[PDB]
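The chain below stands alone, shown as structure tokens; this is the form solved without this ligand.
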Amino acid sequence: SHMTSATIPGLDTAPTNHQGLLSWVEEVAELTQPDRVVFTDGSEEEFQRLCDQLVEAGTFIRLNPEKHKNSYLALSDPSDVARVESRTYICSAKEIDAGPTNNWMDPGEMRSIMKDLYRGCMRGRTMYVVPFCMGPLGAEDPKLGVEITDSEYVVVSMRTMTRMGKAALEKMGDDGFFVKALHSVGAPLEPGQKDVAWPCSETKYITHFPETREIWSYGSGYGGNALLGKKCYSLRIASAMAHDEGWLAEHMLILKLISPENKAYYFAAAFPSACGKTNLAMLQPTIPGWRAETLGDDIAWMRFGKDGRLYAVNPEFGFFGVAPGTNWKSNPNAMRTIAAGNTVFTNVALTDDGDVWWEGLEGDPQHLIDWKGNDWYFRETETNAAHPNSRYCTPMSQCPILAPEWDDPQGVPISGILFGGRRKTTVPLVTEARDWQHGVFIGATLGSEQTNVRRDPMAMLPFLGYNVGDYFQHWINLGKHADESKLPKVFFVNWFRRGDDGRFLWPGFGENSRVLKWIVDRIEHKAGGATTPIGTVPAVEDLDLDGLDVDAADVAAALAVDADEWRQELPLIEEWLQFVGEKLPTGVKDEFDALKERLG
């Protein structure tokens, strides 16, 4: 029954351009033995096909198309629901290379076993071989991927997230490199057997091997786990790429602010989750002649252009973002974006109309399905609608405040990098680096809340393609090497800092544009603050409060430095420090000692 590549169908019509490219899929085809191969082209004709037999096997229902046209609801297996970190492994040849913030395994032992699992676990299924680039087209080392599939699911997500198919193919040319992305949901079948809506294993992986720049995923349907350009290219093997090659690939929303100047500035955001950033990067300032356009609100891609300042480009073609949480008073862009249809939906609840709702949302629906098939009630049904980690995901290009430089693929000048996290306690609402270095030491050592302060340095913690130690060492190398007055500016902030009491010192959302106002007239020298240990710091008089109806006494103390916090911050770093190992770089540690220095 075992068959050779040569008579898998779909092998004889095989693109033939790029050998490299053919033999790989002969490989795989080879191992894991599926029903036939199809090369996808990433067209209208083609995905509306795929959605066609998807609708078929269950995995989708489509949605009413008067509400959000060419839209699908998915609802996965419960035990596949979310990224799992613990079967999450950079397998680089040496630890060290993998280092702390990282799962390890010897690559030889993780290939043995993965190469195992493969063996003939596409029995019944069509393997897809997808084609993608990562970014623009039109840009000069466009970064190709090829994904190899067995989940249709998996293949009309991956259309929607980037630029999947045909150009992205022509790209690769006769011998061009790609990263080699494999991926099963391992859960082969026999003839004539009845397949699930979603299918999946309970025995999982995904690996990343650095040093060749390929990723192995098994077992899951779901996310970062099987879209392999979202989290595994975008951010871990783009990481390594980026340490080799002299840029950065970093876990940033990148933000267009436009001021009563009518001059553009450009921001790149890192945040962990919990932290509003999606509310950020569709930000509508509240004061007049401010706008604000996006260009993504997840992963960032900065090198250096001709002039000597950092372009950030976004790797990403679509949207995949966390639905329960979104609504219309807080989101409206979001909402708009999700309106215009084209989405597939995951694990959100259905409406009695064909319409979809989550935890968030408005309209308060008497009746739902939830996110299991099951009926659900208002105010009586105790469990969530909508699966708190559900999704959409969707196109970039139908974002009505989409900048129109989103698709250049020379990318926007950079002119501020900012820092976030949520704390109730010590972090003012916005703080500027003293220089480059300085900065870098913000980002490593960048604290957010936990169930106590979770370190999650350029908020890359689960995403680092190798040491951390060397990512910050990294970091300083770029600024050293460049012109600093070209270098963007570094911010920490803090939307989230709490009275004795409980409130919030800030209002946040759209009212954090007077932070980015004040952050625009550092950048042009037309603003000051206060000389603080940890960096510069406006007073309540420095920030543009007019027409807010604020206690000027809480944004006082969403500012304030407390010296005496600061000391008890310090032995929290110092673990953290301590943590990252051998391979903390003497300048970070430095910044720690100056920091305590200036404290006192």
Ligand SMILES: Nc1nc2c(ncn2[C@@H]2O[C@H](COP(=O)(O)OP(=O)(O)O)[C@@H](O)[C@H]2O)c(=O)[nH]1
Second form
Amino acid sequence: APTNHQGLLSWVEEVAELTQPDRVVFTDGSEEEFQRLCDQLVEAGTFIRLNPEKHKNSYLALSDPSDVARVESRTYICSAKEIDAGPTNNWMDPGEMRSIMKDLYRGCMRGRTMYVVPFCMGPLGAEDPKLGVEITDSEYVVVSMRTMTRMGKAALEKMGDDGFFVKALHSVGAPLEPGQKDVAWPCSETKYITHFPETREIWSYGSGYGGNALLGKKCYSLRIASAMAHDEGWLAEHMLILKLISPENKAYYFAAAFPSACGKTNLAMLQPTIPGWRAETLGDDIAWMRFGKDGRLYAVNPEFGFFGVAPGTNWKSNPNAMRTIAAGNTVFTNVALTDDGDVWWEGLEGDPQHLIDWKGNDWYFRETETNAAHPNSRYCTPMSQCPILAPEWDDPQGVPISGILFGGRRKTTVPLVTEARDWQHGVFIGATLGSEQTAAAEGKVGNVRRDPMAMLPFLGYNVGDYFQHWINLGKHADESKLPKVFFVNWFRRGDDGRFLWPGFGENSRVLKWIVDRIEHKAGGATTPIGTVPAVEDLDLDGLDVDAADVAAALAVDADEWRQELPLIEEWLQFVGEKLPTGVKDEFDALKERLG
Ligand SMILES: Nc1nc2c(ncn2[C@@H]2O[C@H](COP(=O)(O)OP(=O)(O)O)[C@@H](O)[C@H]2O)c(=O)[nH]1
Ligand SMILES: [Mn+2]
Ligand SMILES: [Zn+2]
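Next block: the form deposited with this ligand bound, after the form solved without this ligand:
And the full complex, kicking off with our chain again.
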């Protein structure tokens, strides 16, 4: 082993004695190692190599269809006390959990190689690099971790001899007995994704898929990290980071939290529609925000790659995503395969009459009743291949945030854009973020789900304490230096069910109002829920849209808002005993202004 970190070595020994793998392998993150792992993945049938002419060094992997299921009920925050997980989290006593998972882990890696994968979340040049080591028996995980994090030799050296690091244990939970033939995608029917916040540990078992197995993606970046940030005085958030550049060439940085399927990728890849405006991205999922010497809040993307949703993506919908993929070095999971060895998914241009679907079965145009690609299939691709990546993406100091945006899907009630009255009000609007989405295993059609700061399934501690944490950071900061907070809604619909606002690139007009507000040069009316622009405060020059529709999108109707109040109240009761008085005070204030 290429290290003298004895704490690390002891942990590897202890784990290997439990899981009993055939051998242990430390990964260094080199290109020859990568090519070697891929070659082995092709041999196992886990990867198929894509036609080099269309894709350089790119692969397709098809998972076991039972391993793509949503696993929120199998995801746990195992703090010592239940109150410290809170009502948004699944809790189990830590001792009870360990006894369950130790039973599962004992002998689990029999007949398999056990990889030890060191990695860095965020740029290496940082002063306190957040380091982790993932142990996994999945080669697929190793390859994808290489793309999604700064993996290997550099992070291992940054660990020194006694540097702290997050212990991330993973197993697919499919031991092989000496005779046994493996399968392309091993996994178990028993799945746990468990987090021990006080010790900063992640124990995953039974799934080899996505955020369950690539332990930097959500487990580290939000769950464990939010707990760290809680204790250390910063923010680990589900936010894209956008760099907006004015015609006068001034850069404004925004962090925006939207729940999944509410537009984070599209805003991150914004192509402004107002002449002279440009946009670049630093990330579309996770933001780590820390106060600098400036007194300003600086954001860094702790990830190194994109794990984007394939279906829906095309040269019209997202040319920048397509260009990122075209450069190669990409792993597609659960998409379809064309007759000429290209990949395809619903929404991608082309009209393939026959495909091989994501289960290896023949698929036929206007015949086969199932999607060719899984509806939440993924591509995993390097960030550095993104043509609109901002040059400061690998800057350990991060970028100063001028604005924080919250938003979700609301057919009614919530205006296109609102500015918060002040920081505490901003925390309130984040805290009560609603979105008209639901899932199978939940049902509840028509429901308004509250997804606080877009963090409902990602908080590593009590949601009330989290709100208090947000409150405290602002309370103790230079008020003038804090980002302004904004609430947006792209999804308001008219009486006919049309979108009142066209959105996508035209959202650059909303961001322009936001910039203008930052620069103290735009108007906005005081309403009960905040400052909302009139239609003439927005730049609609060049936009073929009905002024009356824009006015409706911006409307704050006191009745709609009064009907909204009992929804907010029952959410705030659900938050429970740790609901901060600051959030309570803001609800009362809102109620008073609505009268
Ligand atoms: N009407 C409308 N739809 C949008 C807008 N932005 C994104 N969407 C749609 O919302 C869905 C999810 O968008 P995406 O950017 O992938 O969301 P993400 O999962 O949060 O990254 C897609 O079907 C988009 O077409 C918008 O500004 N207006
Ligand atoms: Mn996305
Ligand atoms: Zn996400």
